[PDB]
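Required output: the full structure, derived from the provided sequences and hints.
So the chains spell out like this:
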Amino acid sequence: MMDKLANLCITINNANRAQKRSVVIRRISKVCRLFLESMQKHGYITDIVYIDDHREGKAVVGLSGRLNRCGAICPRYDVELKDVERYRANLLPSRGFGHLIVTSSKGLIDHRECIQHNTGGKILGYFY
Amino acid sequence: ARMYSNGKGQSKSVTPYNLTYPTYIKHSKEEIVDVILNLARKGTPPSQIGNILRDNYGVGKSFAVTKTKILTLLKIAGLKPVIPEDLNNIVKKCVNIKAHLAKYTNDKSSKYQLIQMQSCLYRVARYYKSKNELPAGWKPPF
Amino acid sequence: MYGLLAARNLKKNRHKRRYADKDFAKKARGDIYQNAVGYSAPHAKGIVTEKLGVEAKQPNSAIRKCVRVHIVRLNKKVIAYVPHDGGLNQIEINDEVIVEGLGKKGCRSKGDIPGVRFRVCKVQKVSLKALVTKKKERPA
Amino acid sequence: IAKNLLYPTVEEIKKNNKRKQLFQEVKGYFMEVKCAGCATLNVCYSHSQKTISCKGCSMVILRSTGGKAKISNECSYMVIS
Amino acid sequence: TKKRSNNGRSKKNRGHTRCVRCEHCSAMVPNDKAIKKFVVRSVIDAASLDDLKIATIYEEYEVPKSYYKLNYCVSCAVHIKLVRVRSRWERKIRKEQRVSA
RNA sequence: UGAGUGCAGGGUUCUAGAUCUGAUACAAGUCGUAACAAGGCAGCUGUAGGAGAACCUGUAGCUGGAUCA
RNA sequence: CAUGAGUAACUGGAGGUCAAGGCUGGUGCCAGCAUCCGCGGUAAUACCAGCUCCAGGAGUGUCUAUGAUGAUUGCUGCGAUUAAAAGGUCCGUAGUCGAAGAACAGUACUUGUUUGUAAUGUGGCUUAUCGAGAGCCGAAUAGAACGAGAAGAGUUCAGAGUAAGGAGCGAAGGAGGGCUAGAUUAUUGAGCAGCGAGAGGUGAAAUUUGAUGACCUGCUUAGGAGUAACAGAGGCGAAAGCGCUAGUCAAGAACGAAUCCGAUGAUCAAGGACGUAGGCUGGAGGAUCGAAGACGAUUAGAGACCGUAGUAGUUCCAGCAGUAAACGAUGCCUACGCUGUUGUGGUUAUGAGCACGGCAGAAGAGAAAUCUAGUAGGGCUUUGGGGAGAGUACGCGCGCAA
Ligand SMILES: [Zn+2]
Ligand SMILES: [Zn+2]
Numbered sequence: 001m002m003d004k005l006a007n008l009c010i011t012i013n014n015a016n017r018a019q020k021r022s023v024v025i026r027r028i029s030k031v032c033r034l035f036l037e038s039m040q041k042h043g044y045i046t047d048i049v050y051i052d053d054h055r056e057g058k059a060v061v062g063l064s065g066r067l068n069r070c071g072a073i074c075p076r077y078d079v080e081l082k083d084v085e086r087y088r089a090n091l092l093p094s095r096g097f098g099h100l101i102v103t104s105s106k107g108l109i110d111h112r113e114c115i116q117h118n119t120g121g122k123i124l125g126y127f128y
Numbered sequence: 002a003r004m005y006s007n008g009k010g011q012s013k014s015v016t017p018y019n020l021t022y023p024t025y026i027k028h029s030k031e032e033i034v035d036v037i038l039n040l041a042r043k044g045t046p047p048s049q050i051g052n053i054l055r056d057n058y059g060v061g062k063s064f065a066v067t068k069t070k071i072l073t074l075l076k077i078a079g080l081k082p083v084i085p086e087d088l089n090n091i092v093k094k095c096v097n098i099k100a101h102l103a104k105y106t107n108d109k110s111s112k113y114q115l116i117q118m119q120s121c122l123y124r125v126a127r128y129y130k131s132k133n134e135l136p137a138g139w140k141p142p143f
Numbered sequence: 001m002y003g004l005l006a007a008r009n010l011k012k013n014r015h016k017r018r019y020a021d022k023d024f025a026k027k028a029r030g031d032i033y034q035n036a037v038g039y040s041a042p043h044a045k046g047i048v049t050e051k052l053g054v055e056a057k058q059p060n061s062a063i064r065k066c067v068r069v070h071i072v073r074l075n076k077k078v079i080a081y082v083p084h085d086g087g088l089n090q091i092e093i094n095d096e097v098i099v100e101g102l103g104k105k106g107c108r109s110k111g112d113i114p115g116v117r118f119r120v121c122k123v124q125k126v127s128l129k130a131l132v133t134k135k136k137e138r139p140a
Numbered sequence: 002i003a004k005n006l007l008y009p010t011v012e013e014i015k016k017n018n019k020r021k022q023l024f025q026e027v028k029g030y031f032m033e034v035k036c037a038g039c040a041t042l043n044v045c046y047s048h049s050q051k052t053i054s055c056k057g058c059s060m061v062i063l064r065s066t067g068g069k070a071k072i073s074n075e076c077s078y079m080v081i082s
Numbered sequence: 002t003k004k005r006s007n008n009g010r011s012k013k014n015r016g017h018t019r020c021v022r023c024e025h026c027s028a029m030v031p032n033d034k035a036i037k038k039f040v041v042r043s044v045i046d047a048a049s050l051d052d053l054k055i056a057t058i059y060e061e062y063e064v065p066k067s068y069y070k071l072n073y074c075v076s077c078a079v080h081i082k083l084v085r086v087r088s089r090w091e092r093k094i095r096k097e098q099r100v101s102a
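For the protein sequence lines, the chains are SW0, SN0, SX0, SBB and SAA, in the order given.
Quick note: the first sequence, position 119, residue 119 per the entry's author numbering, numbers continuous.
Just so we're on the same page, the entry's author numbering is the position in the second sequence counted from 1, plus 1.
Quick note: the third sequence, position 125, residue 125 per the entry's author numbering, numbers continuous.
Just so we're on the same page, the entry's author numbering is the position in the fourth sequence counted from 1, plus 1.
Just so we're on the same page, the entry's author numbering is the position in the fifth sequence counted from 1, plus 1.
Worth double-checking, as some hints may not be accurate.
Unchecked claim - If you only want the chain SBB side, here are some residues facing chain SW0, beta carbon under 8 angstroms, derived: (1) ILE2; (2) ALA3; (3) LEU6; (4) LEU7; (5) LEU23; (6) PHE24; (7) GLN25.
Honestly, the hints are just simulated from the structure, not real lab data.
Here a beta-carbon is modelled for each residue, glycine too, at the ideal position from N, C-alpha and C.
Below is the structure:
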């Protein structure tokens, strides 16, 4: 079976390239919800509905014009606060915009919040 | 996909969204519970119990009335078999293939099918003898 | 092999791959100390035993002047090249010469000279360049 | 979102496979069949795996097939669940 | 480089096929690759039908025909000129040939 | 507690050897011409015989074929 | 501080890479030069010298190890249709990797405080004419002690039941396999009858066979192989492979649907089973075809190609062996993905679907040809690293040998 967080990313990336505005995503987990909810806070996606089908789960989402790309990293590497900027420079296009998402004892947070809260964690994914 | 061959079939049957109580039916709870335990004592497998309840007595999925599953009811009544019914059906097919090959020794296709069947037996055995459903030194009837 | 707890499998695989590199292989598994000049020494002393000449490879047309040297440190006998214009005239039989490498990665032939792997540097303790250009004289 | 994607038309529902939908659909249902002549009522399942005979008169009322089962020529039915 | 998408033969979803023998040289060729030719030939030539009309005892007569399917290997088909070499765009055109007589 | 030294064996690394047999380089020597064009018997892979030498012949396969028919 | 004075550059280069001369004289594939590419056969900006330029400069050339060049070792970050490169097919242990929902616990994980670094190195300031130097300051790696947070990972549960798996039910489909009993012709061989001179074979002919009656036409028989036409970009099987008709024996794939159990799963060193043909050990048999061997022709020569003939093999039973251009030259699970058309088997609100295919464009991709090749840090195994020598030597394991 495919990784659920990988499946999420390819589904939205392809649909964006094909110039569609909305998609249905077919297998959902707890961190998939939290990832989508992160993209909504930063205004990359607009509307979210979750379907409680008793068979795994599924979501319907509206895409914005601001989303260029997103992706998951596998495996989920452990990082000290000293390490995160290395990954930031590898993944993101510019020092000015975009988000690298990290899981922590305080939920999902971005590479700026890591400095504010003074915490590393595990690397999860990115979008710009 | 399938475990022993290159199959990718998709024929299944849909489970309902909610289950309710089958008010259209023409028997009580206690009658349905009696019908099950009779069919059990006569020696029918629990998958066949389900088929009869649907087909003749008119109850879907056999749980909406009882709030309990078929195999659990048989354990409450004490009618539990010595071997789980899945492992039991695998030993039967092995015996059949060995009885064919015993008289038609030349059949390379049947030889092929036996080694597949035998592998599946031990994979199932190792499941049950971890959940304490079989004695540790159980061995096939062969 | 890309799993988070896969480090042992990954390490053992990647180590085995390196033997496909000629460089790593020779250092590991070949005879790297067989040569007069190489891993062992930058220069080698030896005594001249015969004077010799060899044809250049095609398409060039020449006779190249060469010397048979007995190497003190190994007791092998080897061929060496004598570089300069009138150079062969500066050497007698039973002279001592110091000998040097041609500058390739492994010991390999250079230019049009087939199968010769070293060149003369000094004769009787003095620079061959100075001898040929008449800047200095034989010790006598 | 699009209305077309979140709320399909009933036409679209009926063209899709029973699993490949936003919510999966049950296709089997129960019916009350009445026998020609004796007018007794029997509960039956559509898609029956077993042949069924009328209570009392023992006329074969329903025949099992590879798909949806076949009601005998004269008989009639109503959906109950 | 690969010259044809179908490898020059009609086999798909199979391992192996029956062989047949070439009419001209008896070489073995796979059935799904062999060049095929159909023939329907009158027993009596056209230049005799006007004599047949006075020779026959019957009120009317229908001449018997003879039927054949012939098989050829590539070398023979090219040499006998059943098929010819064609340009890179023509190679893709597929059309049924006439039955011979 | 034991150095030294007898006598048999092993384990390693080097080296000699009548004679045989590989490889590589041979300006251009001798005999043919096997491959590349339908290369003058279309070529190639496995296997088995045979033969101055390239190679030839039977059997099953492949098109990278001279045919997408 | 005071006295004299007027001394003080070389190494490598100048055809391209690579800064800087078609200058003058010698030499004529010689002598030499050249990391690489290349110069010289009498008109050499490349040899040997003169003269002018260039580069660095108290320094500059060469040889040898190593780091970089190098995404040519690839964690970040390469490749495997045709350039080097996916195991012939399955089973399978160690190993690496593994649903949704509701809850729980703190050893990894991350972080605080405290320990843990003289020199060196790092961030600074101060004094030797200046600059290295010297002197003083601050923080620090890995490792350990005690607390904290709980997203991910982990453990459990069942009024939960995967477009995860296995068991089972119903109607049906197929050259899938083993066994038993039958079949229409055809090719050879014998018997007998009719006839009375040639048959065969080739591009053209000769070996060869015929008055002991050939050839061709009848009737009888004896064997051992095979299933024509229908027959296809049709079907079935793990692959190798499977085509006459009945009867019989096991298991499998797909489809329909409100059946049952509940994580039983993916991939796989070692280990085990199958594997066209040709080959080998023993038995049965022997029609046709035909390696070896023998002739007739053709040629300078044919040992070959062609023709006549002929043996092992080619068939069956019981085994060994283990290779193929075993190829769609494209590993296995699992995803996301445009349209039109044509098949095969079930089901159908007759609108369509599900499994297995063929074909034609598009968009992307790619060195192109083209597309099993589009998108992508999903999981696991095999595998390549300029030609040659070489898939060869030595050792070892299997095999009767090959
Ligand atoms: Zn009735
Ligand atoms: Zn032919």
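How the hints compare with the structure:
1. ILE2: holds (5 angstroms)
2. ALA3: Check passed: Cβ of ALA3 (chain SBB) comes within 5 angstroms of chain SW0, closer than 8 angstroms.
3. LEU6: holds (5 angstroms)
4. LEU7: holds (6 angstroms)
5. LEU23: It holds, given that the least Cβ distance between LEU23 (chain SBB) and chain SW0 is near 6 angstroms, below 8 angstroms.
6. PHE24: Holds - the Cβ of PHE24 (chain SBB) comes within 8 angstroms of chain SW0, reaching about 6 angstroms at its closest.
7. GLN25: holds (7 angstroms)
This entry satisfies every hint, going by the numbered hints stated previously.
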